[PDB]
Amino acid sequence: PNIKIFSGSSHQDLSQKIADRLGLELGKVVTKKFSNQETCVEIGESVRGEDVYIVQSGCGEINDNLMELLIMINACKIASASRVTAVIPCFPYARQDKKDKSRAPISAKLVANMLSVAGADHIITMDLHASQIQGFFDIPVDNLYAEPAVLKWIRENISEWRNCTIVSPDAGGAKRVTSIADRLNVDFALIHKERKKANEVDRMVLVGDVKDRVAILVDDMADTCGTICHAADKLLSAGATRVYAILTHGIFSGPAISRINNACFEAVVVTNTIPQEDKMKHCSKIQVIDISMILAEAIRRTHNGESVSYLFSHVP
């Protein structure tokens, strides 16, 4: 089997970058809409006995993109592909990974079931919101990390990075930021939101020295940017010289762009798991780390039977 790379309509630039890194052309596929807005898919070349990788991120018109991905997987599977891999850089419905005390769906599990029933044999994703989502599948899931790229960006783009502090915005971010700070051998600070009972103003609690220093918030995603904006205001109050935010998933929905433009961030850095050009047009402080080399290496290593976890710590 040879590698065949197909792009969904969600992130064509990323698929092209990945295909270029692998020395391949993107596979021929028509992905459009019928008049009544049903997804139309037509695989334009034989995939019989091939190793097929479909690249589609959970962004934009999320339900349209997810349906398109499922339909493409099904089309490849009944076209007798030897193996079908969903390359989903930003996993959709990842934040609905549990019920809690609510009569709610576990939408991430439903997405996993849908991907499996469509025919996917392998999932490659980046920085799952909760790595327990790996257990929502029976097929193997390769959960890559943007951390090596993040460390590279910090070391090349921040002059005081040896004296910076890596800040977690919420309680759930402390593990990622501690891993980053351990790799950088720098201090870290932790932030979380206090109880919604001091009705005068919502209060952030910060532990760890940041005064007269460069502070770097790190998180998995910024959707409405409430989290990072609150954390950045807290950090500015505590005397940090400059504030950066680094995120793998730049969703930037709702008021995110206005909030960022009005915030004190020196830079908001995201990976390109989601297309960012349109958002960068409206926000001068968004910078993008390319992760297409990580994805290309993951695809190539899965195809060749090489170790993918080598990419957890080594920039290709």
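So that the term is clear: the rigid core is the largest set of C-alpha atoms that superpose within 1.5 Å between two forms. Numbering follows the first chain given and starts at 1. Compared with the form deposited in another entry:
Core-superposed comparison between the two forms: among 117, 171, 198, 139, the single residue whose C-alpha moves by 2 Å or more is 198.
What does the same protein look like in the form deposited in another entry, given that the last one was the form deposited in one PDB entry?
We keep it simple here and write out only the one chain, dropping partners and molecules.
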């Protein structure tokens, strides 16, 4: 079997980068819409007995892209592909990973079931919002970390990183922030927005010392940037000299760009798990860490039957 890399409509630049790093051309696929807005998928080459990797991030037109991915997976399976792997850099519906409300769906589990029934044999993803999403499948799920790339960026772009403090913008980010602070041998802090019992002012509590130090906000994603912007205001109010925000998934939906442009961030750093070209044109603060080499190495090692553990300590 040979590696066949197919791109959905979501992140075709990332698919191209992965294919170039693998020394391959992208597989021939026409991914369009019928007139009635139904997804049209036209695989333009044989995938018989091939090791098919479909790159599709959960971003942009989320349901459009997920349906595109499912249809492409099913087409490859029925076309007798040896193995179909869904490379989903940003897993859609990952934040709907539990039922903590009455009648609430576990949409991440539904997406996992849909991918399984479409015929996916393997999932490659980066920085799942909850790592337990790996357990939502009965197939192997690669949950790659952007943490080595984040550490590289911090050590190369922040002069006073050895005296910095890594800040969690919410309680759920504590593990990620503590891991990064341990790897950098720096202090960490946590910011919590307390629960909205009524319609008074949202107030943020900070635990840890950030006074007269550079604060690096690290989180898994910035959708509306309410979390990171509120954390940034709190950090400046607490005496932080400079505030950075580093995310792996830059969704930047809704008012995020205006929020960041009016915030105090020295830089907002995201990976290219989601296309950022449009976002960077309206926000100069955004910088992008390319993770295409990580995904390409993961695909290559999956095809060659080699461990991907190397990707959790080094940036290829």
